[PDB]
Number of protein chains: 2
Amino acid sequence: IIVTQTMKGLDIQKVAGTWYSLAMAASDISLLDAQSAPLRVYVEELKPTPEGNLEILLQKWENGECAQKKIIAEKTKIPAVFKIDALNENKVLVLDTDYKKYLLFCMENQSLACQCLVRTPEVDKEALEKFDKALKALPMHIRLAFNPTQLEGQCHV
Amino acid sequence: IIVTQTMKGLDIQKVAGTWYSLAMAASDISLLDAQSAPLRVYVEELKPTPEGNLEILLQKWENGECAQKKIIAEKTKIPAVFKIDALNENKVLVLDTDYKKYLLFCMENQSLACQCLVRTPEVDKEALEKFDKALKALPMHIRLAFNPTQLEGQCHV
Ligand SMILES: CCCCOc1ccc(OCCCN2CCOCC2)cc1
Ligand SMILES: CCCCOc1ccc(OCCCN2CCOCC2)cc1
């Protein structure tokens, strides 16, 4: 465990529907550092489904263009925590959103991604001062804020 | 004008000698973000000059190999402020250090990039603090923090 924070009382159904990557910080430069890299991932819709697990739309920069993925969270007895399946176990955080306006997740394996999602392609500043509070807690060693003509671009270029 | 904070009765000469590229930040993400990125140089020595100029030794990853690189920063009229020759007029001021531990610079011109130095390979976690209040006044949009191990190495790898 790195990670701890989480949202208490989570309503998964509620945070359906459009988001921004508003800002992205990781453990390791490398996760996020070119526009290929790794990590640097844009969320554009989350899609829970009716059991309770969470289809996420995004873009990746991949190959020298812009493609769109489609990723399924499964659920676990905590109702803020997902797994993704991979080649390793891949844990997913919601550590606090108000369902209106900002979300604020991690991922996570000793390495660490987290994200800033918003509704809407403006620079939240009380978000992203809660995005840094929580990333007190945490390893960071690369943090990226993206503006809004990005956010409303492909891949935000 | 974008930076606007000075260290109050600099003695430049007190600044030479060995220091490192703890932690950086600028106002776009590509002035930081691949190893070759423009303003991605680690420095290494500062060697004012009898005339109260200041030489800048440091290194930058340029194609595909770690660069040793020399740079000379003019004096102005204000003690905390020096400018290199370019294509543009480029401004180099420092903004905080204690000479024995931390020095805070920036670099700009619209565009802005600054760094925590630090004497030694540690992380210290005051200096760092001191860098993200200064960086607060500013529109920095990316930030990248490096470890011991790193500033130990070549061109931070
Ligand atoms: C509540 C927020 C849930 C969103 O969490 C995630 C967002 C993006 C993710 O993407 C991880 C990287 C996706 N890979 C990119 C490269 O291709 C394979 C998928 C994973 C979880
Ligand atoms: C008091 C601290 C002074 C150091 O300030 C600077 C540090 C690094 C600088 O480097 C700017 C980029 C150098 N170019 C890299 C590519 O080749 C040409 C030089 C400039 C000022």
Second form
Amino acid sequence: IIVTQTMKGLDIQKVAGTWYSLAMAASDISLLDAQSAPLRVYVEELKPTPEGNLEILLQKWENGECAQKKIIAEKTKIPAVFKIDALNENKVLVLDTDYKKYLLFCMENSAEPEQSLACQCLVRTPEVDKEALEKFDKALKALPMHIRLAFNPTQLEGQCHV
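Given the form solved in complex with Pramocaine (PX9), corresponding form solved without Pramocaine (PX9):
Next comes a single chain, given without company.
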């Protein structure tokens, strides 16, 4: 319901390849509280499909091991919005990207936007990017976030951010 930035004219062709989850924030602490939390997922690659859908390749900590996971995100009539059925979420919104440095996105469940919102700052390179983090924090300033995590370069490079 709260209007945020959205990526007008998002071209997914241009988001393919490596990304690193630099920062994360969520409305409900439980979404991101513990390595085991349901929305603690680390984006490792984005893969647009021939049909214009988007595969999201993730790492996620489960039962003492770092697991590879893949979310299938279905295109919609809005370039920046995708439909999913994963992590108890049903939408992905791309807030902003410059393709070659950073990409900001949120996930939510349309049924319970207040209890399901989780957003990330992705960067292309495994460094703490000042521009990207500032843009992330600005983009979220009106959102009801109660947990925020920011990662260091060693964590960006390591499996499951260890």
